[PDB]
Each structure stands twice: as structure tokens, then as C-alpha cells.
Amino acid sequence: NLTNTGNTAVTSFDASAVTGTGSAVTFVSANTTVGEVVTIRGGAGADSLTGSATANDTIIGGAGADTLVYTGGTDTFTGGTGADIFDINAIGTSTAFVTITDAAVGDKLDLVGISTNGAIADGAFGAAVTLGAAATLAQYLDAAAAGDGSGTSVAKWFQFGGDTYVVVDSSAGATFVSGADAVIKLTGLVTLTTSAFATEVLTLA
Amino acid sequence: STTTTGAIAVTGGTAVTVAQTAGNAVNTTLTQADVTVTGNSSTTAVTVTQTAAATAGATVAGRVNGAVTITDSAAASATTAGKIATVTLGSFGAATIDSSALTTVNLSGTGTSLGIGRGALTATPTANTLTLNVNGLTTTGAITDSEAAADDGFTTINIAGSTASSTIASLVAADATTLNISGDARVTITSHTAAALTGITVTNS
Ligand SMILES: [Ca+2]
Ligand SMILES: [Ca+2]
Ligand SMILES: [Ca+2]
Ligand SMILES: [Ca+2]
Ligand SMILES: [Ca+2]
Ligand SMILES: [Ca+2]
Ligand SMILES: [Ca+2]
Ligand SMILES: [Ca+2]
Ligand SMILES: [Ca+2]
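Note that the protein sequences, when read in sequence, are chains D and F. According to the authors' numbering, the first sequence holds residues 822 to 1026 in order. According to the authors' numbering, the second sequence holds residues 412 to 616 in order.
Check the hints yourself; a few may be wrong.
[Stated by the list, open to error] Here are the simulated distance ranges between beta carbons:
1) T937(D) <-> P536(F): 13 to 23 Å
2) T499(F) <-> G953(D): 53 to 63 Å
3) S576(F) <-> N825(D): 49 to 59 Å
4) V998(D) <-> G610(F): 16 to 26 Å
[Said to hold, decoys possible] Result set (SDA-like, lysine to any residue): computed pairs, CA atoms no more than 20 Å apart in a straight line:
5) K1006(D) <-> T920(D)
6) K929(D) <-> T902(D)
7) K929(D) <-> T537(F)
8) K929(D) <-> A538(F)
9) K494(F) <-> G526(F)
10) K1006(D) <-> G934(D)
Worth flagging that the hints you see were computed from the coordinates, not collected in a lab. Don't be surprised by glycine CBs; every beta carbon is placed ideally from N, CA and C.
Given only the sequences and the hints, what does the whole structure look like? Please build it.
As C-alpha cells, this is what we get:
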């Protein structure tokens, strides 16, 4: 567990070679260079890797129960093998958002930090939003955020262009507003039909 | 006897159970024992059963219930964790719990009032889900979230009614947001006082 405060030149953290059941690595980037490429690599342990709001973090856990934290910007997450938790603590934009490359059965998606108004669903909330043969990503977003999230934030999801997306609606109108509504990309078609919301924590089934 | 059951006090232990009974005659009233449990920092669970209250009749054995007072070690602390997670009651007079680690309360039989306080921890609590499993419960008066009023109560209350009807005369939860009534047998709440509620959701059979 490495305290990293004030080490702001760091653009590559590579703990990938580390080895035990639980040789657990903790790291938090102190980088504040706007628009930086930062690479964070975990090891065999149950690692805890946090990026920077400033940065386009590529975060990769190894084996084991990794926690990858989103803070802002265009981030690329890969928890390798094991029950990884993708802890989403920022809203992002419509362009600067987190892509999770390898979301699979067992991995979790912790949305506690985007419950702007209240606290998410809590059900098994799992019928995909379906739109027309030529609906745009913009359209699918607007469709997903159609409801009222002013008093209570809601989760929805869809599949566009070969990738899977999750949304948090925290707004009035049927516009997905870049500011307070949130999108999360997941590489590939992953069916979240049967998957359930723990507290505000989605466990993939 | 008809003469009343004298105190019961416990201090410490990994788990505590105090099981009173009353076996008085058919036209008498025995009033049962006041119970106090005070956990040490190993105390995960407490259970306090009594015989059900009844009105002294021609062929009805009369029982009044004893007050129960449950307290965790770290109840008065600003920083120390707290260990009492589950509390089970089976009938009760004026009951109290005080634990910052409390998540589950199991209720049962004939009650007067339950007051739930959480430890005087100054840190803002993150997990705020009261699970409240009921089964054959009837209340004279109020289940209150004493912590919600001037401090940080439970945001989401879950009530799971089970194998028998339950009736809560009053439920007072001033910080409550979601209320989900689930399970197996009727839950009746004669009167709630939960001004900040944004949704109520019955899933019960
Ligand atoms: Ca790892
Ligand atoms: Ca980032
Ligand atoms: Ca992993
Ligand atoms: Ca994984
Ligand atoms: Ca979080
Ligand atoms: Ca909306
Ligand atoms: Ca208190
Ligand atoms: Ca407090
Ligand atoms: Ca409050």
C-alpha cells in the first residue's frame, strides 16, 4: 500500500509483476496534468487502483479481486481474472467517460458515487432499452434518460454498435444532460437482463 | 409466580441470548423481567425473547412485558467502530437499541416501542439500510429511528413480513427515502411518519 501524495510527474505505475494470493497493491495517482495519459497496472493481489480526474487513465488489475476507481476523463478499465469491482465515483461527460473492456460474470459495478438524487433501483432491473434499426448513440442516450431523475436517480442500459452501455438519469427532461446524467461503456455485448442491484452495486450474472 | 421476574443483566460475549418465559395461572397477571444487555467489543448479536403479553382473563394467563435495553461498547464514542450487527426480539415492553454497526432487527410477538439509535459517531455513515424482519409482530406504539431526527438515520428501510401477520402501530423514520415491504405474510403499518419518503414498494405475496 503506497502513499503517493504530491508525486505529480507519475504517468506509469506498473505493479504487474507482483505475485501472492494476496500481495495487495494500493495506489492513487497524484497527477494533475490536464489531458494526460496515465497507465496503472495491478498484480496478482486484490489491488486498489485509483486514477486522476485530470487524466485519461488506463487501469489494469491482474488476477484477484481488484477495485478500479473512476474519477473523471476518458478512462479504460480492465480488471483481469477474478471478481473485480468497478467503482464509479464520477459522472464524466458524453465524450469523457469510462470504458470497461472485459466486464464478465462475477464483476461488479459500484454506482454509489453517482446516486446524485437519492439511491439507485435496488431491484434486478434488467430489460434492455430497445430502439430502431438505425437509432443513434445520441438517441439511445436520450431514450435511456427519458424519465424523471430529479427526486430519485434511475439506472437503465442498452446495446449500441456492438458495445453495451449503462446510464444514470438524475434529470428532469428526456435529454441526457452531459453534466449530471452519466454513461458507462462496456466493450462487447454483455447481457445485464438477469443481473441485480445490491445496494447501488450491480453484480454481473 | 405473580410477583415479577426481577432484573436480568448481561455484559459481554460473542453473542447473547436471554430467553424469559412466564408460566403463571389462568386468572393472574405476571409482569416479566427488565432486561439489559451491554456488549463488549466481541458482541455481534443479541436476542431477547419473552412470553407474549395478554390480558388477564377467565381462562387467559395475563402477562406484561419487560423493558429491554441493548447497548454496544462504542455507543458513546465519536470514533470507535461498534460491533452489534443483528438484534432479535420476541415480545417486549419499552425496547431500546444503540449501535452504529446495526443492520438487522428481527421482530416477533407483542411489543410496546422500539427506539433505534446508532452510535454517536461523528463521521457521516455510508451504509444506511435497516433490514427489519417481522413475523407475528404486533405493536402498541412506535418503532422510531431516534438517530434520524438530529443525526444520520437510515435512508432505506426494508421490512420482510414472514409466516405470520404483523402490525406496527406507528413507524417513525425521519431520514427514510425508500421503503420496501417484502416476503411472505401481511405487514400492516397503521401510521408512518416519514416525510422524506420518495417511494414505497411492496413486493410481498
Ligand atoms: Ca490484481
Ligand atoms: Ca481519470
Ligand atoms: Ca482482476
Ligand atoms: Ca474480471
Ligand atoms: Ca463509490
Ligand atoms: Ca431525465
Ligand atoms: Ca446517537
Ligand atoms: Ca453522527
Ligand atoms: Ca438527518
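Going down the list of hints, with the structure as the test:
no. : hint                            : result
1   : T937(D) <-> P536(F): 13 to 23 Å : holds (19 Å)
2   : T499(F) <-> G953(D): 53 to 63 Å : holds (54 Å)
3   : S576(F) <-> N825(D): 49 to 59 Å : holds (57 Å)
4   : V998(D) <-> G610(F): 16 to 26 Å : holds (22 Å)
5   : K1006(D) <-> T920(D)            : holds (4 Å)
6   : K929(D) <-> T902(D)             : holds (13 Å)
7   : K929(D) <-> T537(F)             : holds (18 Å)
8   : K929(D) <-> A538(F)             : holds (17 Å)
9   : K494(F) <-> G526(F)             : holds (18 Å)
10  : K1006(D) <-> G934(D)            : holds (17 Å)
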